[PDB]
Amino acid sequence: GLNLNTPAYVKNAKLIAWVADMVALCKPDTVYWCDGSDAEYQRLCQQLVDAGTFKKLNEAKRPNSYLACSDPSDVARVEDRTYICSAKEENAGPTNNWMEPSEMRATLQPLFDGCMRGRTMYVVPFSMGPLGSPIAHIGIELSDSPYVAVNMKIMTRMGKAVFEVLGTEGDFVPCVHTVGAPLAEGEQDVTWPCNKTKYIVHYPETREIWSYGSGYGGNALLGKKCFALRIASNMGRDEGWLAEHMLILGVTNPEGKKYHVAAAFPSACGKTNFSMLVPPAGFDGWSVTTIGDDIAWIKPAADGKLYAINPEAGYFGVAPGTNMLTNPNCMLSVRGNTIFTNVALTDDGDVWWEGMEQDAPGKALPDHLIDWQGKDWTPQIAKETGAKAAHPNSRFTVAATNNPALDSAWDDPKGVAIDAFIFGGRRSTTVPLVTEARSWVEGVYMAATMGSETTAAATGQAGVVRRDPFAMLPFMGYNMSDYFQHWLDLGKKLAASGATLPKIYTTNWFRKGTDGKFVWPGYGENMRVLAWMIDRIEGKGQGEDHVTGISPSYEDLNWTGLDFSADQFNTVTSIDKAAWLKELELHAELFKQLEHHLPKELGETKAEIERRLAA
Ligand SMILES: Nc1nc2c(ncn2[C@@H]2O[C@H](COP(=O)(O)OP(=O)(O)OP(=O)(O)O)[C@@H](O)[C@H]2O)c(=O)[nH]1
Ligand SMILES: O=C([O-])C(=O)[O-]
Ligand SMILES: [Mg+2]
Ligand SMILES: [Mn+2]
């Protein structure tokens, strides 16, 4: 067998044998075990610079930061190539792509057979959740991509410290990744190796994750979406907890009372910006802190509360639109020690993306840039062709500790108590600004039936309304109808303690006017919606009952510092009967597709909403 170069601190015989089997299959030239040190990170970055995958940015403008640009075919998630290969198809559900496990194993085995020829297999040990904590889970990702290795260092607890927790007998999540571009001897590589054929496959029975053909973070950082959502949602279903596509934030009012909220928005629909928003004018004495921006693990306790942890260690966030007005905490976070992917390159060796001109002199575009495809870019080219300097799904990768608004409990394994949930899709019509569910069941209905317009975070036509229950359409690890039942059973467990359940809200920042522009300013101004939620949590906020729940009146929000009239508020909060009749018919189509094991409570809630519309 090939020399594994197993470090002395790896004491797990079962792990070593698994690496041996995977090395025998993928046939890498060499094997390197990542220790996760800062020194190793710098060596791997220099190796990426040598390969042309990375360009080191200007140390004076963006210290210890790098820029990568990808193949145009490998810029986002590929949902059609993502599979849940459960033993039974009914345990994948209509929202997932299924294939018989042995049939998929026969499909992938020749693809991974020799996939790493001419490359180095990097062994990437990582922990999701704080190292050695009772809620943490350890995985090992084998990858032939140093880009994956350095991004995993930022996004997870990565390296040799994992093996101290694993010991001689600890179990791990087996993760295999390849760019699917084996190299012949003497063959020159490309700067972004990938394959037109891609597979992202999950075997829930064995917790195996197999990724082929893509270097993009969503497809290749196997601890993130593949384990911490798809695999972990299965485990939580069996063990009584949740893995959710949710940010976690803390918010403290001027009276010193602190609350925590978890919000599920679909990919590229506002989680990162909300999770670290800065309270605008009129909110002196308020503070917003970040626990996480993408994934939450949640379980109930005996005290009747729901406790949430963020299992990740960094942010892998959409770049375009970020500036000092929309998200200054993020701007400050990516000041250094950041990996940028598919943004533009300035003449001075800095990065640039659409939206940064809002902080520029005269709010003007840069005179010249090199776009994410390596082409010359000018304001004239952009004005005449609409060419974007940064890809719409371009990303930054940055450690959570770079965030000035990072909550002191961001890595507390005890978690934070969730006082309210928020669900919200990208909807140009229909959905009002904010609505409070009348009960846990009606809140689960809200989350189960939410829709959202597609974004550049996955390949395909953007701007199309689709059902995205709980913002988990691309990430649910089992049948979506059983997942609905899981949320309903959780609420009953909480209610049996005698506790008051967390409120559930539906939000929409994205209503559009006749010109296609957003009616609600959003970003920092979303604090005015969050503050009403806090009022409702304290029992001091008023609201009016309407078809889908309780909404604030104009006088129930704080408008200090924002010129937003009562007429504008009426536009984004009015319940339009015709629009919601059409929307409920789209709910019925969803329920038809999800008929198997669909909870009866959802059809009962729908019938109640239909009555309120026909009243
Ligand atoms: N109009 C408007 N745009 C927003 C708002 N919040 C975020 N955006 C924009 O929407 C895009 C997505 O924002 P993010 O906060 O990164 O979305 P996300 O949910 O974190 O996306 P993922 O990381 O893929 O899960 C960015 O271009 C933002 O500039 C908002 O409140 N109003
Ligand atoms: O990468 C992400 O956060 C996504 O696609 O949801
Ligand atoms: Mg995000
Ligand atoms: Mn996400």
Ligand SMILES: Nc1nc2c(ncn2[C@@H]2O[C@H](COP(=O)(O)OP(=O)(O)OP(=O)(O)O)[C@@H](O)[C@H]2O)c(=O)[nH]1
The other form holds:
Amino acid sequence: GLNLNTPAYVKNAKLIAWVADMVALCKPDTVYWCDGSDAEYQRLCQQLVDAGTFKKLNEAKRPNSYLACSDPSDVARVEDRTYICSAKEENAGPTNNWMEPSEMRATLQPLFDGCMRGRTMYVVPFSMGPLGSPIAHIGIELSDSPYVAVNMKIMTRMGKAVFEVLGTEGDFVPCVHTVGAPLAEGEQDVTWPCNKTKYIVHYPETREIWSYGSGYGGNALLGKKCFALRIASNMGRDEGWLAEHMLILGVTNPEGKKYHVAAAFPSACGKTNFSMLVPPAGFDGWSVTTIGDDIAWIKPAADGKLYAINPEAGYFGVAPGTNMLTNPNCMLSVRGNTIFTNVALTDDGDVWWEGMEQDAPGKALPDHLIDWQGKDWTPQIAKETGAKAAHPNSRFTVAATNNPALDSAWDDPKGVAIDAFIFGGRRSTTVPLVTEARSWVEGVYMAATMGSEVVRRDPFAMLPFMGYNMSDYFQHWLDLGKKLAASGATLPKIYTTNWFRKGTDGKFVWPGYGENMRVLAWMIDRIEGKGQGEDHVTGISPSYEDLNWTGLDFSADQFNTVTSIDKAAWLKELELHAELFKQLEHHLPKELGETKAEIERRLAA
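Requested next: the structure of the form deposited without the named molecule (the form solved in complex with the named molecule having been shown above).
Shown below: the chain alone.
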């Protein structure tokens, strides 16, 4: 009908009929199709300013940037409200919340019925992956949040170009989102509409994503987690590829040899820092470049290699902790053209977040700020009330092309061949600085059992993002490796890393940040077959002499403190693995049991 305002370039009848069904359900006042243009982005930003959702930052301090502050009830992903509604509960598994699909549809129907009354529905077309490419997938998100529209513009390839790829019959992932705050005639809107009742629902068989009540981050920017991980992991299982919670980086040595690694880190462990790593002193001629900092789509090719693409177009990164010491490439990235969410406002109209004082003379805190809740903030107020100036989950949104270390192949549809996988974690004890798995299966075991500090397990860093049963996902990784090795291929190395072993004084021994290059360089030597290492109960680890210490005062005893293996600690660690496996017993692959038994055998030898 005429009420869809369908542009002429939309030729896809199934898509129009679907938009019509959701407009019939959600009943927005008007329907607007986002063309993705720069002018439209500025218009929507101005609408957000007019509503009070955005404040324009000072154009001298932070050009063409905006600050949004959210309702305190709507500040993060809500995992207890996130559902995998597969036909069978066993295909959701113990790491996912399940509900019978017909029961969830009956639950969501009255909530979405009229949810957009009084609001504009934004039709947000987007490609995950480079446009028109053989490995990209198209999504359409219907949303009543202009905040969602402008952030999706930065985070994805958004707008009119999508429809030339879809053509008249192409498929798309259907996404529906509402803040769940319908407006009556003459009602004054709030600056951050949301609902205390929240649902983030995935129907894997139909690829549907339904989001109700949150306008924040991973709940509402449906391309990032709901599509590019949860739905995408299901597609990869059926089609022979991988959707992973991994950065992708390129590392080039002084001879121009270039390697790519994919690395999964749990929350507060350093994917953005590592993906933008700056080589320290002693690594002249080396360069590290960013393909992606969060999501990897990885497909084996006929040539026996695993090719990864970053399906996103920008960064939606955690702000606190970012400074010129931990991550100068990220700091340079957010110099302008950035949307900041829930960070603090300085007196000169700039932004601030915990950790930025590391760049200030004397590392001094600012005298005064307006915090993410609009309150006066001072160091003394922070001391008295405990309030952080920026919310811990505060964010920047910025285009990938703002990154000075952006890899030249970041949008190459052919992807990059992965030479190694890295699985991080934060462990005060037990886990060495770096360990190389002796085999693919033993690497999958490492990824399956990774944890972060008590110690919480987060297999493959996918605990909140697996689109199906975690144990079947383990099996997918094992089968994929077997099939690759069967074609004669050389499987990528797998490493576990741990930056956070504590010394006898309780401090972190490993300096981390740019010095992580020294561990990465050892991996490179191993990939080339020229690196040495010590074999131990769980794998191979470098000796002190195997790393390049040029430019860092770091002693053998410090290195052995973070890298040496202790049988007593690993006996206790395997007990914790046993607890994890009981929480995951259904369809747990036998190969993981064989790996645990082999570690136990080496511990007793």
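Superpose the two forms; the largest set of C-alphas matching within 1.5 Å is the rigid core. Positions refer to the first chain, counted from 1.
Core superposition between the two forms leaves every listed residue (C269, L406, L473, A531) with a C-alpha shift below 2 angstroms except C269. The Cα shift for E384 between the two forms, taken after rigid core superposition, is 2 angstroms or larger.
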